[PDB]
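Just one protein chain is left out here, and the rest sit where they should.
When the chains are written out, they are named A, B, C, D and E in that same order, and each has its own residue count from 1.
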Amino acid sequence: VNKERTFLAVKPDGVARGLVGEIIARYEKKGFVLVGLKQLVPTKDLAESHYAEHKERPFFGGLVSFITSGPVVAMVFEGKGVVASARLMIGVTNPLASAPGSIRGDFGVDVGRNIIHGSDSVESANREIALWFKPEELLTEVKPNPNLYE
Amino acid sequence: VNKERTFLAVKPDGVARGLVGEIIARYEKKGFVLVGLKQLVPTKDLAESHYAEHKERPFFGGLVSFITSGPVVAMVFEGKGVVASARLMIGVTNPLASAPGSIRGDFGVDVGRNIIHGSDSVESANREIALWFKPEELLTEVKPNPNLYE
Amino acid sequence: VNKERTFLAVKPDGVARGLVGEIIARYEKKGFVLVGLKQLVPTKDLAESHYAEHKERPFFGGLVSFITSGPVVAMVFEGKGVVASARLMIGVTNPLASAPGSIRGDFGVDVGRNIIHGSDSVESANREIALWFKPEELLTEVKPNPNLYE
Amino acid sequence: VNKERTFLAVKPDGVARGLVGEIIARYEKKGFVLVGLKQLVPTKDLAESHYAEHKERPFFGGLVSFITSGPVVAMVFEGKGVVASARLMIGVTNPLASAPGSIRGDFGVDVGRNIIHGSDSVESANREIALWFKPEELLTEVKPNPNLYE
Amino acid sequence: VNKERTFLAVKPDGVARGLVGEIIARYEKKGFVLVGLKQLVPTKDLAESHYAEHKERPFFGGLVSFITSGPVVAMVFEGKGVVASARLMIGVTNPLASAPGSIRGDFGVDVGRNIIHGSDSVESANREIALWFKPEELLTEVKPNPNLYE
Partner (left out) sequence: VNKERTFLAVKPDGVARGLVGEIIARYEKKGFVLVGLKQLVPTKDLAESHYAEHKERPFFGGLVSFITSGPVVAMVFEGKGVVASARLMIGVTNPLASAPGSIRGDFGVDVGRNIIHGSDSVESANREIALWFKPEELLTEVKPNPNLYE
């Protein structure tokens, strides 16, 4: 189904660095639709839940602190395989090991400031969407360029 | 004093031609700070309230009928003379008459499908901002690049 | 009418300099359709007729010589106001006086190597199309993105 | 010896998504010389003759039915291992699986609408070139950038 | 002559914003040749000599303090009419007044930190070029592209 959605959030570093458009631009070009988008400064409460699975790791502290140290451009893209393609496009956890051509590969250098977050799977995509987005903020009627899909 | 704001909004034809990234990136490279942002489908009420000044104009008709036929990305940016600088970057009403390097100049071709809206005067920015944006959807502690202003 | 066509030809200098895609790219983005396109090395006979109105000027010699000293990517774009918009996008005769953002302004430096040629009016557009293009080489069925025109 | 050629062709979905410039520019920046080029609407004959190797495959069906539903930009480039290098730049069959930086990787999302075709082996280039191109539509006196080869 | 030269300098606010490459590439694109290039930190001496003409002018204070406040990438480009062309590409004194397409229009918003200085006349160029560069650093051998000048 071409309804697969994912959740992306350009953190306070891709934001203060002037990358919001560049990043969105890359997904628009691939062929994915933007079904939600907004700017907000994440709450500790939202930071801790967003980052639930890292509750016990040394860096969870360093994480939530930063992800709410400024604005975050949260968004949702839809399309076939969107969840895995986005990751692929994002790169790997460490910017320095990210191949050139991927968001992290091209602009990233330090794991702590690795620019963007993208759902690792449909399940977390959905936990992430619902969580940041109230169903009203999303689109419903969606048909990207009929030259994308057969 | 470096806090001037304008409300821009990419219309259904910009948002659907996959130009939200490009457009945002342009003001972003210029140096203005994004202070609000959100996708949505405008309502006849807010749209007709937007085009108040064009009520009896023969085009107000299909004007309101287009900024509600799909998604709109609203936004507010901030910095020195952003209001005047934005329009300049947008171009002129007729995209065919806009200079290359401007937004309508580079991607527009018809007056109905002229891609983006801008605030023509502070008074008007402040007026369209409050329309589209609630007071708690816009940043406050701002800090543009420290290399940007003297 | 959205059938206005124009004739553009990237001369042997925009060609050997690696500009064909860049140049085409700019017209595709503005919103114009490509109704014909081909590579060929112009004939003296075609050069002299193409450049008919400069038959008596000192440079006509220097012109036709060069315009057939190599391959030329001849093309035809269609859309509203295509003839005048293209010129505007091309710049002025002298690259050095061409505003930045226009093809000549950005890549041009010497009038003799000013990169591209674009019809100055419908009348020469048509004399130029017919002349380089046999009606069979052009398209007929044409509808660009319905987000360009109202 | 530096004369290898491949026949690439931007399909109805690339040509219609306004990607002929971008695609051409990529091989152009790489260093290959364009040695032929032409837009056109392929015929069932030449198309089915193109996809000969896929005759009984369940997709040959709507395969031939798409490369004839609109315009196609055929082209031939030339240089060292262009044949192998082209494919690499194109990506892999599934656009979702193509790496960012490649053509299908950056703009594709479905296998039916995968944008561009390429020659997978010299023997196959030479085979598709002669199909689409008459012997008098391709350059002969070629001279790539003098800084390009040793 | 195709051997005119201008002295350009990406100011500290330019070097700090990651603009060196972009700025340099705009020029390499137009067709000018890099004859001189180097990063240094201007000594108060050089800044006073270089910005001499504005001594009695009030703002001399900032121009020099600011300009010595960090690294500078000094450049000397050669080319037919480079002096007047380069300043055109730069835009006007106020980045808010500069039009899109020019270095200051695309990137700057405040007069105090307007990214780049460029020689205003062939008078100031040779003056500034000698004051910031030494005969041995500047190339004597220039091979102007044949597809550039006639």
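A few remarks follow.
Everything that follows uses one rule, which is that a residue touches a chain if its C-beta (ideal position, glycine included) is under 8 Å from a C-beta of that chain, and two chains touch if they have at least 3 such contacts.
When the full complex is taken into account, the listed residue touching the unshown chain is E:21, out of E:21, E:61 or E:146. Checked against the full complex, the one of D:36, D:100 or D:108 touching the unshown chain is D:100.
Touch with the chain omitted from the figure is made, among A:45, A:110, A:123 or A:150, by A:110. Residues of chain D that touch the chain left out of view are 26, 29-32, 79-82, 84-85, 88-89, 99-102, 145, 147-150.
The chain not displayed touches chain E at residues 15, 18-29, 34-41, 70-71, 73, 137, 139, 141. In the full complex, chain A touches the hidden chain at residues 12-13, 16-17, 62, 66, 95-96, 99-102, 105-113.
The working rule: only the chains that are shown with their structure count from here on.
Repeated interface: C-D and one of A-B, B-E or B-C share more than half of their contact pairs by residue number, and that pair is A-B. Averaged C-alpha coordinates give centres for chain A and chain D that are 33 Å from one another.
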